[PDB]
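The chain that follows stands alone, in the form deposited without ligand ADP, written as structure tokens.
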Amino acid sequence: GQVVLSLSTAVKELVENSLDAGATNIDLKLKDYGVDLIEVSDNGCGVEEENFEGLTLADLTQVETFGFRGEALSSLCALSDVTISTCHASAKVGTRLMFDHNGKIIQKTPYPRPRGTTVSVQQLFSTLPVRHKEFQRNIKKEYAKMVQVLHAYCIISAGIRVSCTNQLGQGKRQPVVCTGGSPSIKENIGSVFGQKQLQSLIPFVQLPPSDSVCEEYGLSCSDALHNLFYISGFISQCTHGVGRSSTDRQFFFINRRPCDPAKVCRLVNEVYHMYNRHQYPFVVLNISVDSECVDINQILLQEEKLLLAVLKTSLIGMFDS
């Protein structure tokens, strides 16, 4: 999709690679905010030896694409020093690989390690001095964005243990986020933000689109017919003060994929404001739909008005006294 050079998209793609590898543990180790090192360790399926050299050769995961080589690892080798240790179930011994900026293997050595893969990205952007400086100068914002993305995946990844630490210089390893492999989204939210964040949240309760709401969206009984939207998650009660001061904790997903559906986000926020004028809500919302009804041009969803009507009606029903 849309080519970018952000720290967040880089980490996002490494995390997605681990998830796709079927990992139940994903541990991220950062140094100097990711400027010095970004290491992602997982216990996924690992890489088969026959595909070593190949490592550098309708998705809502492709809206944005890191680098200029179409894929995570290949784009990363050109912009940093990539080291990878991996072991597939079929392998008798693991292997440690070092890559040059062209994505070619410099080294290949025996490395007895457990099934899984560890990707180390050293000195990100060092080969692009201008981008590298911009990255350092704007590290606070870049890191905050990466953290936001990490939080989304920690929240939605029930059953998967995700951890992340960040170390500044030779200082001690600081905690960033950590989930415990819990079976529910609610529990992950608690692990990520603390059980105090849960105190002010209520579960989403889906309702059929009301007559009045359909009226304002130009929907008829026939339009509400093909409703295949399944919404779940949590939102802040509309009670005074309970809300947030900004939209720093609003996470949306379509079929479990983190994303930013503009109209959905806007709607959620104004409906909340009808009840809590001076605050924004905490939001964890998953929209489950037939993937064939999703698109990009920006995420397009067939019968979005119906989805919006369902969202508003449901929220109004939850917020009512």
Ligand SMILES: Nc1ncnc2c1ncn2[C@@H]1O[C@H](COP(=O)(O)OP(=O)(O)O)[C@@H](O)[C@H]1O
Second form
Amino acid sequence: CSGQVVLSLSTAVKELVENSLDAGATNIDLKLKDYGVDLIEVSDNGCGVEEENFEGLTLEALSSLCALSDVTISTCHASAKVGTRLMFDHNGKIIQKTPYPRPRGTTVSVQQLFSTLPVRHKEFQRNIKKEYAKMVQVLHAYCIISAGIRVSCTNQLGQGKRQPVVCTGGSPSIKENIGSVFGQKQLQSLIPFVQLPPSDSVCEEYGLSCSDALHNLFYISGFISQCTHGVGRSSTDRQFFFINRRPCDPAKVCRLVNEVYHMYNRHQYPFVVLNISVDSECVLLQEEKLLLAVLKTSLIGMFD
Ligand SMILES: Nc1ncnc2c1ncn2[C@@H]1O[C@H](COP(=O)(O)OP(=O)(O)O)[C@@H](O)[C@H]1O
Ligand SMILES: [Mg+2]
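What does the same protein look like in the form solved in complex with ligand ADP, given that the last one was the form deposited without ligand ADP?
Following is the full complex, with the preceding chain placed first.
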């Protein structure tokens, strides 16, 4: 018992979406009922699971989910002649296992999240608006960065009609996924990222010298709102950062990006999509000053 316990709806959805991604899926659907309170279903056309690894499925995030909800999983592996449907108890044990015809892939159903922990379950219901918004940001993050991957999601309140949450088209480019997620009006107020060697004045302010900026292995790419008056946003609600295609919250990078923006638009925060490509062994960050230097210089060049 050394839990990696799913603390939230957003992390439950993150863990789930990443499994699909690690499974080499190209189509990942996410169905939610009552904002996930009643149902969180992640469907994926992936490699699926082989039958000699069923019992091992919970032996990890899936084991925690089981403990915190009623999990049902149907799956089929390329090597499989027929799919399989599995029902797990709260100890991650397989209750039932029956042949089930389905295409290659996996479908994970998390029914009634947190029901085993009354207290956490009510907190979930009371806070729902924030919990859900936190998940949407996580979801959007993966939608934007997953290129060549159709990611869809719908929400259903009670017996009402299904509502739209998001739907990308498997476009091979980030720019297109942004269009899919926030629509074409957002795109028009954006300019692509243009990287520049850190400038002398900026290196000066970051205590950097030639030797410091020579082995710069930072490759930055993405989009940002123009510095044009009004074009921005009213809050930081649409700012996405990634380090090696993985959603994250670099603290310093975030402030820096906003401040450099406020220099040209004191009254608004920008829309931000920023991926930072780096050498894994250099990750927290190893040469931050260089990066911040690169960012500031590059942003300044784009905004003037
Ligand atoms: N959607 C999925 N598609 C394929 N395999 C999956 C999926 N979800 C879980 N798995 C399998 O279950 C294993 C464990 O998942 P999980 O228990 O959450 O652990 P881990 O945190 O190591 O991914 C993975 O290594 C993978 O083989
Ligand atoms: Mg996992």
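Residues that one form lacks are left out of the comparison. Numbering follows the first chain given and starts at 1. For clarity, a rigid core is taken as the largest C-alpha set superposing within 1.5 Å between two forms.
| Can you list, in sequence order, the runs of 3 or more consecutive shared residues with C-alpha shifts of 2 Å or more between these two forms on the rigid core? | Only this run moves by 2 Å or more: 1 to 4.
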